[PDB]
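Of the protein chains in this complex, all but one are displayed in their positions.
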Amino acid sequence: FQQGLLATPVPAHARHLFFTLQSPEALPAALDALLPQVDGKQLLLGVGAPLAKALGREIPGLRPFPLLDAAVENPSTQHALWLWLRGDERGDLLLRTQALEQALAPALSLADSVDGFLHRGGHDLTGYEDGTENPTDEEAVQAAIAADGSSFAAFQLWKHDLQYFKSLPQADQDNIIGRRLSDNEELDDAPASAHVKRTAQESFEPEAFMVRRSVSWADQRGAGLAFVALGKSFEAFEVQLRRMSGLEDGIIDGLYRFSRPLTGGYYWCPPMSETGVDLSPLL
Amino acid sequence: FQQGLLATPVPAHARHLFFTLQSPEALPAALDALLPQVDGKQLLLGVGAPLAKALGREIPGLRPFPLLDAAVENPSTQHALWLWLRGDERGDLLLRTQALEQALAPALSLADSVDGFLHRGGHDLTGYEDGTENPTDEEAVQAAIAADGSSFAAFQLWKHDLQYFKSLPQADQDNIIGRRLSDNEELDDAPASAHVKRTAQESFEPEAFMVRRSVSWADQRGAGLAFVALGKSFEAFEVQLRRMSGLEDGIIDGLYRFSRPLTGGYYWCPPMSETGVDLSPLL
Amino acid sequence: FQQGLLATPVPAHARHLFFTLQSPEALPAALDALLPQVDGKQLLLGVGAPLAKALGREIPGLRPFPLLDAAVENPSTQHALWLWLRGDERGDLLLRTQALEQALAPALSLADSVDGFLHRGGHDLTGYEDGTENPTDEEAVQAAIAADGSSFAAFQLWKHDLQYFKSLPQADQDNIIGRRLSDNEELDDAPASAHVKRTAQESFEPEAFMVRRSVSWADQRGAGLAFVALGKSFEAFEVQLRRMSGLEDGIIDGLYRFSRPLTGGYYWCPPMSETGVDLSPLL
Partner (left out) sequence: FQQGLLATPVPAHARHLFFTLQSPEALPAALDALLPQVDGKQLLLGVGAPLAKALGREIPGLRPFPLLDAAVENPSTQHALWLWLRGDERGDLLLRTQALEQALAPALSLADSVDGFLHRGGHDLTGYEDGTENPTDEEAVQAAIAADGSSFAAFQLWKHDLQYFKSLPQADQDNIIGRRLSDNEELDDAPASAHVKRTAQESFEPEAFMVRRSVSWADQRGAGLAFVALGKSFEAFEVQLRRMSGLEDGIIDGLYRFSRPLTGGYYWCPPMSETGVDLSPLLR
């Protein structure tokens, strides 16, 4: 039906690969080696708008990452293919990507990769628990999985300024997130710019529910959160990001005081059949 | 009334700085230290759409880097401020950026920087001369400078695959560029995908003339061309990139066979007064 | 009373920090904040030869990493202080280093750091199990712990060429290691250049036994093995490396066909008292 992008216990490590279609004529050999490996559990697949446009196919609901003319920076770095590796072994995830690069040889070239890890049981490097208000069980299926079993994922690589965020008094940190670090209690007196106040899923006229599967990351670029939002469409994520960016009321999310996204991508996660991944509407 | 963006001898070195508005309340102290240094000759200034939106001001013609839903990737990495340092001394430009970072420290944080150099007298790292068909003297002023003396610049950091491009036969390299490497003579029988055929300035519905001030670059990200396009508006550059991306006729520029842009930005270069740079429209 | 550097189950992640003594006048304040944190289990401490020289103290058995005039490269990158972080949470080790850098900010500066992880249950990224012939229980204490509670540690960051090593036939890989990858069986007819043949602990005039606590690593520098050898002295490690380098018989270890060390350091791990780590001899 769907890919296992909602599996309850999240593995300790993840690796997100992003490929650019450098040689579209050599695409058939790449798909012959990739598709038998896409089980939706240890290796998940996402199709970008450039890949659909290059093959002359239109995927309903698929479009590139939007362009927000706001006072904050939300870059659009749309790629052709997104590979999401999951597993408890960090080195195993590293060796699979090296094999995936060779198997995808001339058609697709690696444009970006993220060595992600689950901090604690699902906490940001700032210490705050993330995933408290994520839909669970069937309501996660209703909010993240479309009718045909497919999902629409948005990815953003947020870079944290941990030194500055920890320089603030604890009351300033809690007012930025909207939750108390000591006990994860929601602050009902937080300013409207608080992240929890900006992204309250029930505070939108169409309820902007979504399933978030974010993990932490750290390399030469710094450290932060690899944000992943899964939805039955992109409308949930996009209406949240527009309000965080101040495009609705003029109030900008407090996250931008210490963190900014480095990348931005929209990807269509194809449905699963009983005999593997179903990429038919494209293939 | 314009910044010296057309100076006849291009200095041997350039340095392009891109800043993110991290703390908008501390902007006045940043502007007090920055504006006395903007002479338009050794330090040029460009205003991004995020900076205009944060101050609640609308500059006619200023908008973020566009989002092209094409089969090739032209990322949109719009920042708030662009500082363009020019000079013959590479170390002098480096020490000036360190002073500029410290002086703009809390309001603006450095998001990206490019150590550019003029290869030979104005050649791309592939060996082809770039700037052959650039307008000069008064025709350059009409194509790059608006009525109020301001200019609208588009920036792209292209990453070259020099090993692959030099692996091609010399006839294939000339057909990708559209010009003969041996004598810079235009190949009149090159395919429609040739770069010169894609960007023929006289072949556009309104003549899409522009002044290009590109330089080479090389660091840990690789090597390529720091593309800078100056126009009286963004319509010249944008109609060129849309045709290069196959959005007009379906034919994609041959440059994408060996090079792809890593960044994309639109910036408004304010006019010059007799008493320094004129930012009044935005104060 | 030794530091817990021999605990049988190795945590999933490690972090090796290396500091240079930039400001000796601020050293006492740095030690006042650091030494209460050295428990020898989650945070272990190693003293380098430069630190002993700066305080005018001589530690018996402490000397810098040697200089091997061989046909292979074993660089000597001796630092003043070594901090060895252990834990199952990769992000916890990251946030600890940020706090350790700030607390040691003026006296000691971070010269190098390694984000290490235990691959599978203790395998190299090439797939071979490492630690098969490591002494255990009392034999580990006899080989790694001196008469006092102290130990002498050697550190090397080996960079692997996994693409080249995996390109070789499996029989060629096994002849380099000296063991069969399929079943970890020792090859009794492997060439003398095999690693196991070069480092056979029982083949030295005094038996050169040692406890190895190496982990894998991967960052912008590549990927490989963070080699850690603990001994009652440096004579065990040093006599192994000289034979691996061909300084004994002229035969060079097969490891240098696909791997090379990037760093090299000798560090004295002080004993533990009931009141924390015991730096008496150095005061």
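So that you can tell them apart, the chains are marked A, B and C in the order they are listed, and the count of residues begins at 1 in each.
Heads up, the rule we're going with is that contacts are C-beta pairs under 8 Å (C-beta built on N, C-alpha and C of every residue); 3 or more make two chains touch, one makes a residue touch a chain.
Q: Please identify which of the visible chains the hidden chain touches across the whole complex.
A: Touched by the chain not displayed, across the whole complex: B, C.
Q: Touching the hidden chain in the complete assembly: which of B:162, B:187 or B:251 does that?
A: For the chain that is not drawn, the touching residue is B:162.
Q: Kindly state which of the options B:223, B:239 or B:282 is in contact with the chain not pictured.
A: Counting the whole complex, the residue in contact with the absent chain is B:223.
Q: Among B:9, B:28, B:56 or B:91, choose the residue that contacts the chain missing from this document, as touch is defined above.
A: Touching the chain that is not displayed is residue B:91.
Q: Where does chain B touch the missing chain, residue by residue?
A: Residues of chain B in contact with the hidden chain: 12, 89-92, 94-95, 98, 102, 115, 117, 119-120, 123, 125, 162-163, 216, 218-220, 223.
Q: If the missing chain were put back, which residues of chain C would it touch?
A: That gives, for chain C, the contact residues 20-24, 49-50, 53-54, 63-67, 69-73, 75-80, 111, 257, 260.
As a working rule, only the chains that are shown with their structure count from here on.
Q: Between the chains shown, work out who touches whom and classify the graph as line, ring, star, complete or other.
A: Its topology is that of a line.
Q: Which whole number of Å gives the spacing of the CA centres of chain A and chain C?
A: Taking the average C-alpha coordinate of chain A and of chain C, the gap between them is 38 Å.
Q: Using Cα averages as centroids, what's the distance between chain B and chain C in whole Å?
A: Here chain B and chain C have centroids separated by 48 Å.
Q: On a C-alpha centroid basis, what's the spacing between chain A and chain B, in Å?
A: Roughly 31 Å, centre to centre.
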